[PDB]
Amino acid sequence: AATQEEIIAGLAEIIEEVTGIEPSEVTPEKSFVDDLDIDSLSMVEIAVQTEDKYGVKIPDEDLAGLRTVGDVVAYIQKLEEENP
Amino acid sequence: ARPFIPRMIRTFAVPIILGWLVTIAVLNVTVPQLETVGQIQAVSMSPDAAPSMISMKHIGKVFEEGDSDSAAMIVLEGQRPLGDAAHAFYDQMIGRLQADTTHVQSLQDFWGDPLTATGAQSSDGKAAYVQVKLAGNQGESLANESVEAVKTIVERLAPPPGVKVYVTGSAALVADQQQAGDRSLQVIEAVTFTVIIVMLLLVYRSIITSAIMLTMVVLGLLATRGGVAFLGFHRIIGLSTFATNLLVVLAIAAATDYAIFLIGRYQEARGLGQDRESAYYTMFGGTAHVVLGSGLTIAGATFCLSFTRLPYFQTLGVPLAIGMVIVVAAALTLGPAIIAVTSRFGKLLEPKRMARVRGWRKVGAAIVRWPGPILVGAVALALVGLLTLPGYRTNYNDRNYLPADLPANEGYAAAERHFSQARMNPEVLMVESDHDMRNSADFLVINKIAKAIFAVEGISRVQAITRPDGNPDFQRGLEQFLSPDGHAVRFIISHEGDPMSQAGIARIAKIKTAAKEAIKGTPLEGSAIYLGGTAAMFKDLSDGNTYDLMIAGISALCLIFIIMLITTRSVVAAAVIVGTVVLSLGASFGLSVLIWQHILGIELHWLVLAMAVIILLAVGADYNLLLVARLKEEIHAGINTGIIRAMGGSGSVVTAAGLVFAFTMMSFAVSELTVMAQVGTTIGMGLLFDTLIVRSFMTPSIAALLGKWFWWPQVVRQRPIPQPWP
Numbered sequence: 002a003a004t005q006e007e008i009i010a011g012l013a014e015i016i017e018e019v020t021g022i023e024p025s026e027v028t029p030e031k032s033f034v035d036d037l038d039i040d041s042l043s044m045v046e047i048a049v050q051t052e053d054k055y056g057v058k059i060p061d062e063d064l065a066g067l068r069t070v071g072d073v074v075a076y077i078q079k080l081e082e083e084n085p
Numbered sequence: 020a021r022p023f024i025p026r027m028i029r030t031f032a033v034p035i036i037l038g039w040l041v042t043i044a045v046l047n048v049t050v051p052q053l054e055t056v057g058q059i060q061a062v063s064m065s066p067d068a069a070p071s072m073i074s075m076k077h078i079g080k081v082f083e084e085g086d087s088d089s090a091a092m093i094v095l096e097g098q099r100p101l102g103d104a105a106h107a108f109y110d111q112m113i114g115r116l117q118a119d120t121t122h123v124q125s126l127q128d129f130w131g132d133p134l135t136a137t138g139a140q141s142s143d144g145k146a147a148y149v150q151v152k153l154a155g156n157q158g159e160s161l162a163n164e165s166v167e168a169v170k171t172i173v174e175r176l177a178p179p180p181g182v183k184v185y186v187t188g189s190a191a192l193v194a195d196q197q198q199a200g201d202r203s204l205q206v207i208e209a210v211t212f213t214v215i216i217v218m219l220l221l222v223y224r225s226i227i228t229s230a231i232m233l234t235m236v237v238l239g240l241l242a243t244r245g246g247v248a249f250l251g252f253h254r255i256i257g258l259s260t261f262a263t264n265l266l267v268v269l270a271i272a273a274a275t276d277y278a279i280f281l282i283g284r285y286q287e288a289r290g291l292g293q294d295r296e297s298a299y300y301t302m303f304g305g306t307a308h309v310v311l312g313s314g315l316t317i318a319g320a321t322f323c324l325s326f327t328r329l330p331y332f333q334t335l336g337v338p339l340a341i342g343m344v345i346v347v348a349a350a351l352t353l354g355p356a357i358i359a360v361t362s363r364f365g366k367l368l369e370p371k372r373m374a375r376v377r378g379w380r381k382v383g384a385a386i387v388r389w390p391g392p393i394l395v396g397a398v399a400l401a402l403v404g405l406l407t408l409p410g411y412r413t414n415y416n417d418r419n420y421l422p423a424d425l426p427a428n429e430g431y432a433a434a435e436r437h438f439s440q441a442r443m444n445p446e447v448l449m450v451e452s453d454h455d456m457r458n459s460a461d462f463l464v465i466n467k468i469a470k471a472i473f474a475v476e477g478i479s480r481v482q483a484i485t486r487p488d489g698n699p700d701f702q703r704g705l706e707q708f709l710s711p712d713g714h715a716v717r718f719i720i721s722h723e724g725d726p727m728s729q730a731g732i733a734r735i736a737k738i739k740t741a742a743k744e745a746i747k748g749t750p751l752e753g754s755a756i757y758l759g760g761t762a763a764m765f766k767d768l769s770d771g772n773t774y775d776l777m778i779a780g781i782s783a784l785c786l787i788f789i790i791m792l793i794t795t796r797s798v799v800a801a802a803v804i805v806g807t808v809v810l811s812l813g814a815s816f817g818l819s820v821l822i823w824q825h826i827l828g829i830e831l832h833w834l835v836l837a838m839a840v841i842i843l844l845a846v847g848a849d850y851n852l853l854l855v856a857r858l859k860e861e862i863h864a865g866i867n868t869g870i871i872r873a874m875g876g877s878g879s880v881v882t883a884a885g886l887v888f889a890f891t892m893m894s895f896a897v898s899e900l901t902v903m904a905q906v907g908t909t910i911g912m913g914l915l916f917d918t919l920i921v922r923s924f925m926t927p928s929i930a931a932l933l934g935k936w937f938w939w940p941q942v943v944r945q946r947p948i949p950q951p952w953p
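Chains as they are written, first to last, in the authors' numbering: chain B, 2 to 85; chain A, 20 to 489, 698 to 953.
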């Protein structure tokens with residue numbers, strides 16, 4: 002299926018494309034707004050780009066509480082590996 | 020392996036530069052300047068098929084008073100009651116004027132006749148007026164030459180102390196309008212160049228780049244003005260002041276916009292680390308068709324405007340299209356060559372700073388997330404401007420749209436200081452029969468007709484044979708009021724109040740109907756009726772204006788839609804591009820009406836909307852076309868990401884171009900022709916609204932809402948074959 006490393010690499014590529022931060026400086030423990038300096042509109046951009054390229058539907062209702070990268074990858078693997 | 024056209028343009032840049040320079044020099048040396056050609060080839064302001072023109076020509080022909088419809092008035096004014104020395108000066112001036120025959124066709128003497136002495140005397144006896152008929156129709160070179168000669172003749176003699184002379188009428192006003200237009204053109208050119216300099220220096224933050232922009236703009240303007248002057252030198256087309264001013268300003272602004280587009284694309288392409296050749300090829304392949312389409316759209320809009328009936332728009336049509344074609348060809352052929360030659364020299368055209376890539380991406384994301392409310396708010400903002408429609412009201416007279424220091428305005432003021440305004444613009448009525456009126460029945464018929472004319476409300480005074488003011700001595704009036712063959716009679720009509728407002732225009736039909744009714748029941752039944760004057764001249768224009776506007780406006784939309792369909796190859800995109808601007812017209816119209824009529828207290832002239840709408844549509848379509856062209860390139864990775872990428876990549880360039888163009892068009896306020904200021908300001912606010920709201924918040928929202936149906940009949944996909952994780 003999908004492993005942690007692949008999702009991390011894809012998300013790092015998306016972050017580098019959007020905000021220009023080097024992909025070597027992203028870890029699951031870091032935070033989007035407190036450390037990575039990512040605004041809500043940047044989160045919307047990330048969600049749209051990751052929906053188009055690979056395909057994941059993340060409604061804003063539960064996206065509001067999504068803060069770190071670890072919970073992001075946990076949600077991604079929960080949605081992907083556990084096929085409805 | 021590179022495309023043929025850019026390769027051939029790059030290889031032969033120096034011969035292209037040399038040929039363009041040689042052609043510009045030859046055009047500017049061989050033929051005279053544009054102003055002289057425009058002065059030589061002025062056009063008459065009244066169509067030759069108008070009933071008023073034909074009637075006035077008949078008036079002149081039957082009574083042997085020439086054939087032209089022009090007229091001039093000489094006013095004598097003094098601070099003391101007129102004396103014998105004044106009479107001597109008047110008669111010697113009359114003799115000197117009658118000595119000339121090439122320009123002064125005829126004149127009428129009333130102050131020298133004791134029977135009609137009170138006709139020219141004022142209530143307090145401090146002013147007098149004399150009418151002289153010139154040669155040539157109003158607005159053309161012959162009338163201007165005749166009025167200038169009359170002024171020269173009347174000025175060469177020193178007036179007696181205590182009195183002064185003035186010349187009034189429509190011909191003098193038109194000549195002053197021409198001169199004011201020339202001076203305004205000079206001042207406008209200077210101001211526009213200064214504004215372009217300061218704006219380019221502010222935007223690009225580099226003196227050398229701005230110098231290159233000005234080089235291109237100056238070369239383009241010189242080429243187009245020389246070409247138009249050469250074309251007009253050979254009697255091919257007519258001209259007018261409005262055409263020249265619009266041509267110059269629009270050519271400068273379009274050249275600036277094209278240069279901004281090209282160099283912005285070049286800098287953006289190079290900013291990604293590509294070399295110089297790759298950036299050159301990229302900008303050419305990305306902007307050539309867009310530039311060509313925009314130029315053809317503007318040219319087609321002007322040519323569609325050329326399908327009118329009024330002489331002014333008819334003369335406006337062709338030269339504007341020729342100028343736009345020349346400007347587009349010059350830009351497409353000269354820009355890439357200059358850019359390549361300068362860029363080959365190391366460091367001339369390197370980028371300086373990055374403008375904006377984050378804010379526009381955020382705006383695109385916000386648009387994608389919530390398109391509905393954004394579209395609804397934009398539509399509401401567009402409609403609230405149109406909400407103020409029922410307050411529209413137009414004005415006709417040009418007397419108060421000109422500076423008050425002109426000789427014609429001073430003469431009007433001097434006349435109005437003692438006389439009524441309507442006395443300066445009389446009306447002439449002719450009734451033509453088939454026999455002689457030398458029997459009492461015909462004089463009593465004339466008396467009845469005069470009474471019927473005077474019975475009409477709104478007519479201040481009537482002058483006829485039996486009432487010269489409100698036997699050789701009596702025989703003298705026969706030569707002035709009846710034809711030598713004794714087959715027709717004429718009457719003089721003086722209105723009350725302003726003879727130019729809507730009531731004055733409407734009174735013509737009423738007075739004609741009254742005359743026709745008075746003719747009925749008389750032996751003179753079946754007689755011919757003719758009217759001549761300024762109000763009769765303006766009535767035909769008032770009748771035809773709305774039809775001309777509608778016919779000129781209908782075809783422009785169809786031509787623009789066809790051009791956009793050819794360029795983009797999709798029906799829905801072209802329909803949206805047209806519809807957004809059609810909807811946005813109302814906000815600009817309402818804003819202009821609010822600023823001008825209500826706050827400044829000055830109504831709108833009747834020549835404003837016709838020229839404003841076509842230019843507004845033609846310019847406003849180009850921004851949407853460029854945005855759609857960029858989105859078509861960027862859509863290949865997905866619509867949602869394509870919109871964001873296109874907005875990020877082509878956000879600041881369109882903004883800079885729109886502000887530059889609007890601020891260039893807003894420089895007409897310094898002009899002393901207030902019609903020019905009105906047109907320029909209206910275009911300025913309209914395009915500010917277009918570039919701030921319509922371009923950025925309506926078209927992308929509609930595209931995102933519609934989805935893949937935006938590109939019918941072509942087939943596209945929204946999610947492009949999702950891929951596994953890397």
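Bear in mind the hints are in silico, worked out from the structure with no lab data behind them.
Just so you know, even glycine gets a beta-carbon here, dropped at the ideal spot from N, CA and C.
One thing to keep in mind: the hints can contain errors.
Derived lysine-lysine pairs resembling BS3-like cross-links, with alpha carbons at most 25 Å apart [what the hints assert, rightly or not]:
no.	chain 1	residue 1	chain 2	residue 2
1	A	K152	B	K31
2	B	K54	A	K381
3	A	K935	B	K58
4	A	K859	B	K54
5	A	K467	A	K381
6	A	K467	B	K54
7	B	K58	A	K467
Now the in silico label distances, taken between C-beta atoms and shown as ranges [claimed, not checked]:
no.	chain 1	residue 1	chain 2	residue 2	range
8	A	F364	B	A3	39 to 47 Å
9	B	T28	A	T407	22 to 30 Å
10	B	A3	A	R796	39 to 47 Å
Comparing the hints with the structure gives:
A distance of roughly 93 Å separates the Cα atoms of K152 (chain A) and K31 (chain B); the hinted pair therefore is violated under the 25 Å criterion. With a C-alpha separation of about 19 Å, the suggested pair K54 (chain B) and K381 (chain A) falls inside the 25 Å cut-off, and the hint holds. Taking the CA atoms of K935 (chain A) and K58 (chain B), the gap is near 20 Å; set against the 25 Å cutoff, the hint holds. Our distance criterion of 25 Å between C-alpha atoms is met by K859 (chain A) and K54 (chain B), whose separation comes to about 18 Å.
Restraint check: the Cα-Cα separation between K467 (chain A) and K381 (chain A) comes to about 82 Å, which exceeds 25 Å; the hinted pair is violated. The hinted pair formed by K467 (chain A) and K54 (chain B) fails the criterion: a straight-line CA distance of about 93 Å is larger than 25 Å. With a C-alpha separation of about 93 Å, the suggested pairing of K58 (chain B) with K467 (chain A) is violated against the 25 Å cut-off. A hinted range of 39 to 47 Å is violated for the C-beta pair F364 (chain A) and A3 (chain B), which are about 53 Å apart.
The hinted range of 22 to 30 Å is not satisfied by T28 (chain B) and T407 (chain A), whose Cβ atoms lie roughly 59 Å apart. Our hint of 39 to 47 Å for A3 (chain B) and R796 (chain A) holds, since their Cβ atoms are close to 41 Å apart.
Of the numbered hints listed earlier, those contradicted by the structure are 1, 5, 6, 7, 8, 9.
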